[PDB]
Amino acid sequence: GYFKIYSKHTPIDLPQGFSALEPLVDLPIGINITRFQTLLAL
Amino acid sequence: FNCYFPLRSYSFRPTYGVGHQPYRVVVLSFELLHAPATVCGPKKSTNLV
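Taken in order, these protein sequences are the chains called A and B. All the letters of the first sequence, read from the start, carry residue numbers 199 to 210, 215 to 244 under the entry's author numbering. Numbering-wise, the entry's author numbering comes out as the position in the second sequence, counting from 1, plus 485.
Since the hints were made in silico from the structure, they are not lab data. Incorrect hints may appear among the rest.
[Unchecked claim] Each pair of labels, with its calculated beta carbon distance range:
#	chain 1	residue 1	chain 2	residue 2	range
1	B	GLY502	A	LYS202	56 to 62 Å
2	A	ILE231	B	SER514	19 to 25 Å
3	B	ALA522	A	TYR204	20 to 26 Å
4	B	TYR489	A	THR236	51 to 57 Å
5	B	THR523	A	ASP215	38 to 44 Å
6	A	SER221	B	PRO521	26 to 32 Å
7	A	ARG237	B	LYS528	35 to 41 Å
8	B	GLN506	A	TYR200	47 to 53 Å
9	B	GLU516	A	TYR204	29 to 35 Å
10	B	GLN506	A	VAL227	49 to 55 Å
11	A	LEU226	B	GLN506	54 to 60 Å
12	B	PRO527	A	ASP215	51 to 57 Å
[As the list claims (entries may be wrong)] Some chain A residues judged to face chain B by a derived CB distance under 7 Å, without partners named:
#	residue
13	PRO209
14	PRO217
15	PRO230
Where is the CB? At the ideal position from N, CA and C, for every residue including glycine.
Given these sequences and hints, build the entire structure.
Here is the structure:
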């Protein structure tokens, strides 16, 4: 029931390197999730 | 005949007895589910030695 979102932002195929991801947001949602979708701007 | 409106109106007056006085009532029901419980009580913080 906890939604964890970890984020990382960097200035630059996948770049070759190492970069740890710090935690960003913890949410007490408590729902069932099994599918997702992205959103775009036109 | 044999047909009545299901709702009756309370006729409250300031000179009625304790058995007819208007009482405002709130029922608080607390539920816990699989989701992380979030309705917490205030936590008193002791000064630090």
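Hints, verified against the model:
no.	hint	result
1	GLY502/B with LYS202/A: 56 to 62 Å	60 Å, holds
2	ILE231/A with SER514/B: 19 to 25 Å	22 Å, holds
3	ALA522/B with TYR204/A: 20 to 26 Å	24 Å, holds
4	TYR489/B with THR236/A: 51 to 57 Å	52 Å, holds
5	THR523/B with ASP215/A: 38 to 44 Å	43 Å, holds
6	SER221/A with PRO521/B: 26 to 32 Å	30 Å, holds
7	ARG237/A with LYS528/B: 35 to 41 Å	38 Å, holds
8	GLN506/B with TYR200/A: 47 to 53 Å	48 Å, holds
9	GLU516/B with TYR204/A: 29 to 35 Å	31 Å, holds
10	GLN506/B with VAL227/A: 49 to 55 Å	51 Å, holds
11	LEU226/A with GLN506/B: 54 to 60 Å	56 Å, holds
12	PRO527/B with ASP215/A: 51 to 57 Å	53 Å, holds
13	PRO209	36 Å, violated
14	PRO217	37 Å, violated
15	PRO230	4 Å, holds
When held up to the earlier numbered hints, the structure conflicts with 13 and 14 and fits the remainder.
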